[PDB]
Structures are given as structure tokens and as C-alpha cells.
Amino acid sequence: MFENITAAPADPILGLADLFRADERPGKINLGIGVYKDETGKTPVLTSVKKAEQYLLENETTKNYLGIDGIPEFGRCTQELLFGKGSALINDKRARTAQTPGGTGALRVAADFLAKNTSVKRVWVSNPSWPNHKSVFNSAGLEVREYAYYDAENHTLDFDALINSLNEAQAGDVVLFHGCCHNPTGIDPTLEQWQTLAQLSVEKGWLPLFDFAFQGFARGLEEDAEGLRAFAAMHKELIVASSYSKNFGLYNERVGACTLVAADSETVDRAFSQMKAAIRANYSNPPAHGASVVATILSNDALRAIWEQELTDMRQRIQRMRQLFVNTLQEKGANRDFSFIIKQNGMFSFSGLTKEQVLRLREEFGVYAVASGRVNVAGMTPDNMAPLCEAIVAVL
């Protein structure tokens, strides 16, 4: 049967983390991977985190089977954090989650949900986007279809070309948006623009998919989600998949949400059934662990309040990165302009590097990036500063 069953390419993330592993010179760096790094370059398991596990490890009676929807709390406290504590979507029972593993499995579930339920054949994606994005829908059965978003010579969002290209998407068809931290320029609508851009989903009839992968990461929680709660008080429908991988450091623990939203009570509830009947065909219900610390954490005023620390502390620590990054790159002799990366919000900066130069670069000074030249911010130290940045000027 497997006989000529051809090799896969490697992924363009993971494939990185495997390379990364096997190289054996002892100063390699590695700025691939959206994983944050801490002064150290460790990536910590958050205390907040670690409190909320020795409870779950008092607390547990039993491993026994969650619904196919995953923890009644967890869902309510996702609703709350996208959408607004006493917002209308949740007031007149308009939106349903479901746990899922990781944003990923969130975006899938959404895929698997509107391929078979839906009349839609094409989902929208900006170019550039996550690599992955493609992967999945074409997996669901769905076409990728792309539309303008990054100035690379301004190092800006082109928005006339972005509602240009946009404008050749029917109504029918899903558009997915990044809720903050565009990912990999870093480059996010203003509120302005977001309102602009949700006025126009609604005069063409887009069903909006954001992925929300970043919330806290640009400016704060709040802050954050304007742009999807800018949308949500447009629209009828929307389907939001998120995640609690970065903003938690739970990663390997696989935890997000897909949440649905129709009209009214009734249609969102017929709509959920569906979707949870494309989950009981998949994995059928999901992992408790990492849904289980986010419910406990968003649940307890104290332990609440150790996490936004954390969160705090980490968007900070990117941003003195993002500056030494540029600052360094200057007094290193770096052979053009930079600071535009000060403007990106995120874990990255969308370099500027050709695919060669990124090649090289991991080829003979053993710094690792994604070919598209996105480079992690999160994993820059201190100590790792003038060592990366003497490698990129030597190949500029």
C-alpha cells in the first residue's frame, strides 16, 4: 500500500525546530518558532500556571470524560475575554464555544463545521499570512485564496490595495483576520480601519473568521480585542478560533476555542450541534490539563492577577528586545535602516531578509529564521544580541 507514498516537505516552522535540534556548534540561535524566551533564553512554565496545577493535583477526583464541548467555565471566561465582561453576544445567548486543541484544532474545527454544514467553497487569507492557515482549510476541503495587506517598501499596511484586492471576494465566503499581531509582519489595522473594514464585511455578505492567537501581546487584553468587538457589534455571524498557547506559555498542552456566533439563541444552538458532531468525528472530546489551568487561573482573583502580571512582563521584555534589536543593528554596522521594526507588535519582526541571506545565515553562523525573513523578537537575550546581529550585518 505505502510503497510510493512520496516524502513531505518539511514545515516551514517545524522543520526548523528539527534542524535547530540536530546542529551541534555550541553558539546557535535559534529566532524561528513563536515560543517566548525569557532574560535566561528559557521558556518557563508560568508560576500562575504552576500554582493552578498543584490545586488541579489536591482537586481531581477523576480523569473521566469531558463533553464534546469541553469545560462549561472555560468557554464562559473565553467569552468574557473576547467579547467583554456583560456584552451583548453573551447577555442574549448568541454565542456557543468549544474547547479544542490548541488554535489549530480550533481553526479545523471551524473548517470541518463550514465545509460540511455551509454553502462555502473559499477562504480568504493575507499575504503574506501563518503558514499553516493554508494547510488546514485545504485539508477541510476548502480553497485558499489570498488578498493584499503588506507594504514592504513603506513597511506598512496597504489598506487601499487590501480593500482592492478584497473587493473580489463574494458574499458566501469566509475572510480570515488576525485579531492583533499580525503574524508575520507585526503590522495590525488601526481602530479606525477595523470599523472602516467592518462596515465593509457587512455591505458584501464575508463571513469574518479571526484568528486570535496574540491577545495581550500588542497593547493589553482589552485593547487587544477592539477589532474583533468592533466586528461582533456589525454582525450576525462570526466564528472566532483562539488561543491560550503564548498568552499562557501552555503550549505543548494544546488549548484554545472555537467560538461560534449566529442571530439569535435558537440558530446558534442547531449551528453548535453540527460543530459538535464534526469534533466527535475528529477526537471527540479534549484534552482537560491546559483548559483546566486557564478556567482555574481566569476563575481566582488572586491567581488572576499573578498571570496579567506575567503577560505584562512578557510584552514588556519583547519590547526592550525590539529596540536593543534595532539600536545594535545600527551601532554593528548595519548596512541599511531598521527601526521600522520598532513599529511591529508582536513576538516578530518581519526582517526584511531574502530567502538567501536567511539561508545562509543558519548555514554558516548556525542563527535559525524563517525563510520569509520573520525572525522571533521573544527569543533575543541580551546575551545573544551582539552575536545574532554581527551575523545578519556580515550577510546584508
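Rigid core here is just the name for the largest C-alpha set that superposes within 1.5 Å across the two forms. Positions refer to the first chain, counted from 1. Compared with the form deposited in another entry:
- Core-superposed comparison between these two forms: CA of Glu53 displaced by less than 2 Å.
- After superposition on the rigid core, the Cα atom of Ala22 is displaced by 2 Å or more between these two forms.
- Taking the rigid core as fixed, one finds a CA shift for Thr43 smaller than 2 Å between these two forms.
Starting from the form deposited in one PDB entry above, please write out the structure of the form deposited in another entry.
Below you will find a single chain and nothing else.
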């Protein structure tokens, strides 16, 4: 049955790693990794989650099963983080939340609820979007299409070639947005543009699907979600899939949450029951530890004080490396305007290099970027920067 019938191929990020330690030169610089790094080139476990973990080791008197929808106050905290303190969605009880194994785990759960208990058959992702977006939605049974977003001659959003590509989307369609800012490009919709997309999706059909992974990483925990919250006020139906892995450092623990707003507490509760029936068929009930850590930090003003500080420290390092990269190019190799790296937001960005400049960097110069020209700027240590630019200036 499994004999010689089967296949391969490599989901493209993960293929880049093994090919790299492999280099000994040091194999000096790997950019493109999906995770943040500090001053030294390591991803530590936050001091704030570390404190909340001894608090747990001290207080857990049982490891018996979680309800399918997770921890109660974890839910109360994530909706309160997404929508605001007194957002009428919260009470009006228009929103319900299921703790999930990551952002990816929440995207499939949405896609499976949608796939069986609704009329959706197609879903639109940006161009480009996160690699895995396509196989999650496809896997559930849906189809995935592509609106235009950016292109790489002028280094920004085509707000005109975007709205004029989402007009081919019909009433029953899911449009996936990324709330904070965008993987790979790093490019911001302004609240005026969000304002716009918000109002097309009300008088147009379409169910919004926010993909929220870099909260707190562009401008600040409250500012970033103002997009999603611009949308959450026109709308009566919404699904946001959130991750707590990159801004909590909680990556291998698997923590995030699938939340749905749905017009009135009576319906968000019929719709959450089938949503819960889809978790039972999937993983059954969620992973307690890492979510338990996000719930007790966020519900502790001393620990949350310290975590928000670590969140402001992660963000400013990335913001410092964009200027240390843009102008060490400026100052070591004249060729072109790289400006755009600066105020673009988040860890990921598109350098503007050919597939053959990526291949020119990776096999003699050290620098490993993913074939799209997408570099993780958090992967730049202050010591990287002037050999980093070496290769990028030797290739133009």
C-alpha cells in the first residue's frame, strides 16, 4: 500500500537550513529563518515566560484534560487583546474563542469549520503570502486564489491593482488579510486603506479572515490591531486566527487561538458548537503549558509589565537593524536605493535580489536568504552588518 506509490517535495524554507550549517566558513550568515534572534544570534526564552513557568511548576495540581476550547481566561485575554477592553463584540457576547496549537492550527480549524458547515468553497490570499497558507486551506477542501498586493518594481502596495482584483471575488468568499504586517513583504495598509477594504467587504459579501501573528511587532500591541478593529466594527461576521509564538517566544509550545465574531450571541454559539466538533475530530483538546503561560502573564500586572517590555525590546531591535542595514549598504556599496527596508515593519522583508543573486550569496559568500529575496532582518547582529553588506554589494 505504501510501496513505491508515494512522493516528496521540500516546503521551501525548511530546505534552506540543513544546506547551511554544512558550510564551516563559518557558514557565516543565515537569514530567512522564521524566528527572531537577538544581539548574539540566539532565540532565548523570555524572562517573563520563565517566571510564569516556575509559577506553574509550583501550582499545577493536575494535568487532566482541557475543554475543547481551551482555557477560559486565555480566551478572555486574547479577545481583549484583539478587540480592546470594552469592545462591544466581547460583551454583546458576539465573539467566541478556541485555543488552538498555533497560528497554523487555528487556520486549519477555521478552514475545516468553514469547509463543512458553510457554503465557502474559495479563499483569497495575497501575492505573495505565507507559503503554508495555500496547503492549509487546500487541505480542508477549499480553493485558494490570489489577489495582487505588491510589486517589486515600486516596492509597495498597489492599492489600485488590489481593490481592482478583489472585485472577482463573489459574495460567499473568504478574503484573508494579515492584521499586523505582511509576510514576506513587510508592507503596511494605512488605517485609511483598511477603512476602505472594510467598507468593500460589508457592501460586497466576503467573510474577513485575519491572520494575526506579528502583534506588537510593527508599532505596538494596541496600534497594530486597529486594522482588524476597523474591520471588526462594520462587520457582523469575522474569523481571526492568532499566534502567540513570535511575540511571546513560545514557538515550540504551540499556542494561538481561533476566534469568530458572528452577529449575536445566539448564533456565535450555534456556530462555535460545530467549530468545537471540528477540534474534537482533529487534536481533541489543546496543549495546556504554553497557553497557560500566556494566560497567567497577561493576567498579572507585574509579569505583563515585564513581558510588554520584552515585546518593546524585540520590536526596537528590528527597527534599529533596518537603519543599520539600509545605510551600511549606503556606506559600503553605492549601487541602489534600498531605502524601503526602513519603514517596512516586522522581521521579514524583500531585498530586491534575483534568484541568481540569492544563489550568488549562498554558495561562496556565506549569506543564506530564501530564493524570493526575503531576508529576516532580526537575523542581523550588529557584527553581521558590514560583512553582510559585503556580499549584497558584491552582487549589487
